Amino acid sequence: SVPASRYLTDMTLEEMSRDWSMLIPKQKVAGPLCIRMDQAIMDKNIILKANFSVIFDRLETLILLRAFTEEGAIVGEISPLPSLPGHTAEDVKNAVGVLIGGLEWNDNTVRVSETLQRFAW
Amino acid sequence: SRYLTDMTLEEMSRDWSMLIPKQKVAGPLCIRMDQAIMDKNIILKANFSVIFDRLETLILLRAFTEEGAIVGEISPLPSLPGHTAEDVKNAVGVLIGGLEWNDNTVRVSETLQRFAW
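Chains as they are written, first to last, in my numbering: chain B, 14 to 134; chain Z, 3 to 119.
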C-alpha cells in the first residue's frame, strides 16, 4: 500500500518480456545473480539497459538487465537467480563488470545506460 | 517495493543515549544497545521495504521497552553499503542474544517475523 521505492525503466515491456536465445551460450552464476552472454557477438556497439527499483539514490532491486546491440538485439542478460535470494547494488555492479569483460573480449564496445551509471555503475 | 512501518515518525526521529554503550558492526549493519537495561519486556520494531515476500531494505530497527523507551537499534552503516534480509536476520539474532544475556524478555514484531526473522 505505501510505496517504498521508485521503479526505473531503461527497457519497454516488449524488451522485458521478449524471448531470445544465444547462438553460442555462456552462463555464469555470479553470487545471487545469473549472467548470460551470447559468445557469437563480435565487433558490435552494445548498450546495457535495466529495469530496477531505487531507494535512497541507489539501486535496491534489479528486476532485469539486458544487453542490446544498436539494432535492438539482445546479446546478454543479468537476472536474479530463480530462488530470488537477496542481492545488493554491489552484486549488480560485479555482474555488470563480468558481463562487460566477457563482451569486450569479443571486441565489442559496451556502454551502460545513464540510469544505470547514476544508481549502480 | 512496499514500505512497512512498525514505528511512528516520532519513534523513527527520536534521539536516545545509552548508559553503558555497546556498539557492534555486524556486516553492513550497526548494532547498538544499552547494556544497563535489564529485567524488561522488549519488542523489536522496524521500518523497512519489502519486495516479493521479503525484507529488501531495512531503514531502522529499534528495540522498545513496554513503556516505549529505546534500549537498542540496528541501522545501516553510515556509508550505506547494501544488505539483504539475511544480514538483517543475523544482526537481529545478535541483538536478541545480547538483550537476553542481559535478562530481558525479547519479542519481534509480526511484520519482522513474517519478512525477515
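Take these hints with a grain of salt, some might be off.
[What the hints assert, rightly or not] Simulated restraints, written as ranges between beta carbons of each label pair:
(1) Z:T7 <-> B:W134: 12 to 20 Å
(2) B:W33 <-> Z:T107: 15 to 23 Å
(3) B:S34 <-> Z:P83: 32 to 40 Å
(4) Z:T107 <-> B:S30: 48 to 56 Å
(5) Z:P80 <-> B:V15: 24 to 32 Å
(6) Z:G29 <-> B:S34: 35 to 43 Å
(7) B:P16 <-> Z:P80: 20 to 28 Å
(8) Z:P23 <-> B:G85: 51 to 59 Å
Just so you know, the hints here were simulated from the structure itself, not pulled from any lab data. Idealized CB from N, CA, C, for every residue including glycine.
Here is what the structure says about each hint:
no.: 1; hint: Z:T7 <-> B:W134: 12 to 20 Å; in the structure: 31 Å, violated
no.: 2; hint: B:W33 <-> Z:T107: 15 to 23 Å; in the structure: 55 Å, violated
no.: 3; hint: B:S34 <-> Z:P83: 32 to 40 Å; in the structure: 36 Å, holds
no.: 4; hint: Z:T107 <-> B:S30: 48 to 56 Å; in the structure: 51 Å, holds
no.: 5; hint: Z:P80 <-> B:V15: 24 to 32 Å; in the structure: 25 Å, holds
no.: 6; hint: Z:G29 <-> B:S34: 35 to 43 Å; in the structure: 39 Å, holds
no.: 7; hint: B:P16 <-> Z:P80: 20 to 28 Å; in the structure: 25 Å, holds
no.: 8; hint: Z:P23 <-> B:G85: 51 to 59 Å; in the structure: 57 Å, holds
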